[PDB]
Structure formats: C-alpha cells, structure tokens
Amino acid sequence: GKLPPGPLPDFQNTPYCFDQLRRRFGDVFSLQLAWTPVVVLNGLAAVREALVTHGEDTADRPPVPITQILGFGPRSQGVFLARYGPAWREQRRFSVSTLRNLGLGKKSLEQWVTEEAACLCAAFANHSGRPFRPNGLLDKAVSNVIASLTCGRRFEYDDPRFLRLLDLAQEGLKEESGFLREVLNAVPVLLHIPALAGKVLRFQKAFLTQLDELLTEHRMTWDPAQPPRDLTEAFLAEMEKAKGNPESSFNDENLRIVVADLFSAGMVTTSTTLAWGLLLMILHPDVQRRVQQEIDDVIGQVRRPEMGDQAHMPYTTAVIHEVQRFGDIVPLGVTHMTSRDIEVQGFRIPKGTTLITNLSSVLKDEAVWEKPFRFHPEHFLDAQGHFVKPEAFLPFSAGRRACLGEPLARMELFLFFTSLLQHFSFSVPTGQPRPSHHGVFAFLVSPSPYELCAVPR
C-alpha cells in the first residue's frame, strides 16, 4: 500500500529536473501535475519491473486531450498514442508485418538505403571543404528511406514540397514539448476557447495538411491490381476489405495518422542520432580513425556497406550503440499509464497512474556503465574486442510498446554511418570553439548546433 515518495504541490528542461528529484528521493518517486498522478521510474530495475514484469498492466497510454483537434477517435488513434487495446494491436501488427514484407531484413531495402546514402555522400561532397551544419542533409536522406517504405517514393533534396514537409515536422516536434501543451492536457476545458485551439498545434496541423496532399496524389497512382508496393498501398487495400466494418482501425482518419507518425518518426529519430554520431566523431578523432580502419579491413573504400558486414565489425557496432547511449535522444521515453494496480520496487502504483520511464537514467546508470557520462565505445566491448550489449541498453524502451521502428533504425544507423565514414573524414572547423557535447531538449534531444568539415578520402 506504500505509495512512492515525492514533493507535495521547467518543461523545456524536464530530464534535468527529474535527475535532481531522482537522487533526492530514490528510483521510484511520485510527483503531482495538476490533477494527474505521475510516477517516475529510474534505473534499469524499476523500468524493467514496470514495462516487462508488469507489462500487461503498463502497456497503456495516458489520454492526450489536445489530440482531439487532429481528428482522433476510437478506431483512429494510430499506434503511438493509441490506447492499449484492439485498435493499437491491429495497427502495430500491421506496421511490423508490412515493413517486413517490403524488404526490412532483406537485401532489398538494404540496397535501397545504401543507394540513398550515395545521394547523401554526394551532397556532403558538394560542400567542398567548407564548414556546414550536416543536420538538414541527414534529415533528407533518412526521410527518403521511410518515405520509400510508406509513400513508395523518394524526394530530391531541393524539392520545395519535401523541404516544407521536413520543416513542418521539425516545428511540430517542438510543439510536442513546452509548457503550453501541458496545461491544455492537464485541464482540457481550456481547449474550448476557439482562439486558443488554433495556436497550440499550429505546425502539426500544417504538417498533416501537407501530408494529405501527398496522400491524395499517391491514391491516384496506386494500382490495386498489383501487390502493395509500400505501406500506404497496403493500408488502402485493407481499407477496401474493411468497407462496412465499424470495428476496423483501417479508415481514412487512421491512414493519415499512421503515415504521419511513421514518416516523422522515421525522420527525426535516426537523423538526430546520426547528428550525434558525426558530432562525437569530430570530438573524438581517434575513435573515427579506428572505425575507418575497421571499415577498410572488412568492406574497403570501394563497395557499399551491407548488413552482413556488421557481424564482422564489432568496433563500429560498439560506436553506433555508444552514440545511441550517449546521444540519449529520448530521455524520458513516451508516457505510459497503468491499466491495473501494480508493485514496483516495493512501492504501490494504483491503476490509472501516468508512468514516466526515465530511459536516460538507464542509459547512463552509474551502477551498470563504466563511464556513463563519457563517450566510451568500450561500453560495448570486452578486452578481446568482441561486441557485447548490456541489458541496460534500452534506447527503444521495453515491453509491448517498445519501438517498432528499431529494426529499421538499426540498419539505417549502420548503413548511413559506415558509408559516411567510408568516404569522408570529419573534423571541427579550424578556428572554431570546441563544440559542446551537451544537447538541447525538445522531447527529443538534439546536439547543440555545430559545424564540421567533410573532406573526402
């Protein structure tokens, strides 16, 4: 019956405040936000006990009132914010299966991704020896991969509409944070104000509008007489079969939500991680050279990298995992909710409680990692040089809600990272201050703005 302790009654720096509250109270501490009860879980033990051991009771999502503006409904919640039930499970299984059918885990997508990497490399080279922010180009290349899986196409890096879609998605990501989002979600009746409802998610609404245009175009080119060439076509085919069935999650409202979630996720996660990767490679040239050494020993500077090479490249694999661990791009994960009363680390957590998984505290747990606050590839290496992955490596969280994009992320991260280090050498621009290894929080944590030089090899 003993509830977790907590302070009795900034969101632009939330992961920072939680760690201060962490060491103060403990691993499992409670805290009050408006009329919403919240329990924050810290360290591998607490997170694992909640998401795995009590996985059936913590796989649910809290209600998010402001999503009513985006056309949400019982069979229209997509996957991400979908309540733990049939609608979530139908869409989740669909995404996992459809991605797998489209060549995820095969040589097919593998060669497509490394084709986009070639386009990315060419864009890098066009900047000569000049210093530049590589973020925009990383977004485009990574976005084309997920666009290829969902929309069945890629976009040119100068495409006006592609650029706007990426820009809106990035601005929409900022709207996923802030303090205003919290108040409207804490007390929903403030949303009744018509003048207020049009500002809260101004860019996310713009993104959806821009996406609708592309979907409409895609509908026209869809050939239902042929097997689905991408995820959207597969969804449409299921939507046709589901005509007359009110229980199906395959509807128009859900099509745009699923595609939006997948595309934007496909973009801002992998590219931010890659942005962390390049930053850490110019801050640690020694590590960069050792990776390039392994590439030349396994792949060479000639042919494009393949997923078969990763098993023979433990150091590069270690570096990539360390980029994810140090990068820590989803510090507080995604909020869960208890659908039943549970027991975590002795304390009692009642049904309906919002759970916050502090994944940061797992990736940088001092009890597990040797040098949690340092960039240290040997976190994933033994003395022999073998790749080892600790249990505390949970950047994709855990349990029934664990990131479904992890297989895509894994192959994208390896294929893009290796291809970029295979042909380029990155460094801090001479005359410029040492780029901070601290990041900026906005739900996702991106590295602070930096520039680099990309000289070909």
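Positions refer to the first chain, counted from 1. For clarity, a rigid core is taken as the largest C-alpha set superposing within 1.5 Å between two forms. What changes on going to the form deposited in another entry:
Residue shifts between the two forms, rigid core superposed: of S95, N185, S76, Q288, the only C-alpha displaced by 2 Å or more belongs to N185.
The rigid-core alignment places the CA of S108 2 Å or more apart between the two forms. With the core held fixed between the two forms, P160 has its Cα displaced by under 2 Å.
After superposing the rigid core, the C-alpha of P194 moves by 2 Å or more between the two forms.
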The other form holds:
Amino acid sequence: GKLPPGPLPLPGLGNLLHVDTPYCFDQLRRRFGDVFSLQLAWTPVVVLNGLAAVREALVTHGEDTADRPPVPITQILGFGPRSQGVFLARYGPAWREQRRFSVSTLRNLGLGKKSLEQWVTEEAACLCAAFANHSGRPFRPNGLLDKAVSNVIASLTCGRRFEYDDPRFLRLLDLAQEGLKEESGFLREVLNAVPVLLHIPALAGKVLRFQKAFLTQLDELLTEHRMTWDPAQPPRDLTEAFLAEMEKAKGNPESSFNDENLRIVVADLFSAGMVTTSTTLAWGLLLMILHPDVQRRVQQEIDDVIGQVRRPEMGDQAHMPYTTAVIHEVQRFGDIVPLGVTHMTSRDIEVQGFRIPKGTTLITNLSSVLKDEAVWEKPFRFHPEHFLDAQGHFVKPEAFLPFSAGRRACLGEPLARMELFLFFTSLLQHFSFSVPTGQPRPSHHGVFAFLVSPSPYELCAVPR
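Given the form deposited in one PDB entry, state the structure of the form deposited in another entry.
We keep it simple here and write out only the one chain, dropping partners and molecules.
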C-alpha cells in the first residue's frame, strides 16, 4: 500500500533538520495529514495525529503496536531477556508477566482494607502540613509535590514513607530528576544505534551516570526492605509480593521474577508515577491561581459535599462533578506527555489507508488528541466545561487520552486518578492559592521536554 507522506528526506540527516516538536508536528499535520512519516537518521518514524489515527493504531492494531523500540544501552542498567521491567520491556512474556503482576498487585493492595487510599490520604495530610509551614511566604510547591507523590509510590512498592528532609530520600529524588534529563540526551541516540561503542569504558561510565546512581540508591533501600520482610505474613507491598514470587520461581530460567528485574521494575514504577503525577499537580495549582473563580467553585463544592474538616474519600468524587471536571481539564490542558511513549510495529499494519512496515517507530501525538479543535470547544484555553454539560454533570469525551490507549496504556492510571483527586481536594480544602502580589502573571505555556512541566512559578498558600 501507500506509505504515509512527509517532508523531503535529506541524504544523511533525513528529516532531522525538518524537526526542531509538538508545535512542529502540528505544521506537518496541517501540511501532510494526520499520518505522516519522518526519517530520523537511521530510524523510520511514523507520527500519528488525532483520535482516529491513534485509536486505529493502538486499539484496532493493538496486538501489532504494543511493542517498544529496542534500547541497547539499557544493558548498562542490567537489562536482559527476562529482566526488562515493564516500561521499556519488549512486547512478550517478560512484559506481560510483569504487567499483569503490577496491575493485579496494585488492585490487591488497592481493595480489601484500602491500603492505597489510606497511604494517599495520610500522605495528603503530610503535604498539607508541609504547605502550612510555607505560609505567609511565596514558595515553589514543586518540591513538596514530588515528595508526597514519591511517598505514595514508596508506600506501594516498599511499604514505607520518607520524611521530607530525609537525606537518602532527597538524593533519590534528585538522582531521579537528573536521570530523566539523561533520557533526552543526544549521546543516547549514537550509542543505541551502535551498541559496540559501549565497549569503550570511557564512554560507558558517562552515558547513564545518574541512572546508575539512582539504581544504586534504590538497591540499598531494597536490601533494607528484604531484611524487614516477614514472609510468614501476606505481602504488605509490591516488593514483598515480588519477593514471594521470586522464591516460587527458583529453578525457573523463564521467570521474570529475579533480582535484576526487581530493581528495574521498582525503578520503573517509582519514577514513572513521580514526575508525571507531580507535574500534573503542579499544573493544577498553577491553573488555580490563574483562574481564581475556578478555584472558588471547587472549594465551594468541597464544602457542599465534604466539608472543611473530614478528609476527602474516593467515594466523594461521584458527587463532585465540577471538581472532577477541573482535574480532567488540568490533565487535558496540562498535556504533560505530548508525544506519549514511543511504540513499534511488530507486524505490517494499516493506518488511515496508509501502510506501516514492521519495525516502524510509532509516535502517538497525544497532544493532538487532547487539543483537537474538532473535538474540544476551546482546546487552547483552560476550560473546565470541556467535561461538563449545561446541567453541571461530568462528561468524559472519547478524546480524553492522557494515559494513552491499548495494551500499553498507563498501568498506573487508577492510582494516578486517586492521587490527583485526593491531593487536589485536600490542598484546596484547607488552602486558598493565589499569585504573589508584586509578581508577573505566571505563563500558562510549559517548558517542552519528554515531559512538559509548568514554567517555574511561586504562590501563596493562605489557610482556610
């Protein structure tokens, strides 16, 4: 069939100089259509735009697009056939076993005695107190959001939290944010292309220094956890559940439940739901000071449904359509993973008539879905009524895809939904946020990366 169109491919760089990225893709979408091609050096890339193209790839051809592009340099971090974690894992048994394990263990810890909801609610309390200490004084809330969000994951993985001034905790969070920067590095591409370049010890020790440091700090914490683990009792957290599975899997070279995969799985879970959920909440609080009237309606609904003392529960959401709409609109407008996470075709597939060869790198332009002018009333405005009808009922459009879609859709979404609702309501239940008098109106345009964060800003949190 016909291959997707695209700008003229230069000899060596191809379309590398035709892309400086979501803004640039919008122009290409308006010039070549919703499915265009790109030649990024050695890698053949097809960009998918709009709900239909994205759905057709990830749902209709879900079996064939659930794979990841190979990342050879992950060998430095100890990746192997039965140890690929979940996030970057190739489509196959190693991915599926860990995927099913994480999803089911989240659910098991989730239901019963609401361990998840309890850990979040309790961490929300700490976040409130830490906010109270920063009162009467403008302050960036990002650091506190990272910590509270990080503690929720630590609670699920290792069954503990860390104090906000814990030295090892800070180093962990610091190493994690530096590591994220290392993923968007130019040297990553060269070494992924030619794996034998890693046989140079000079280079190998430079590639993922912050990644390796992060995994080292994590190893130390895992070792402590293995000491306190009581195998005579039902697993209290995901790491214990993993360790129990490891015992049963002794003698089985096919199991992905092993030492090498434990640190990778934990690192995937710990980080993927630390910079995403926290950035979303950082967007949330920014949008609340830019739109004080929206903030007041939320706080009003909080009082009408929950009050100003009793801690919020997930059962309250069903009776809080407006707050729910606001949170959704934060994710939509926030648009924090505009190009999602790359997929790869494991077979020859067909998208929007065009042909996609096997082994093609797929980019899901999630931004083009969340900001679709054909779907949303005013997609470039912060507008909670994107999820409300005239009667005030919450409505969720098909195009709400911040967690992507299909087999590889965010496994942490249920937890994320929980963290977002409980942290947001709890903060707005006890605080009123506003721009600091004397300071310029903070921009609503984010700083582009693999993850789009709000521009740096300060705020005032006055108690209620």
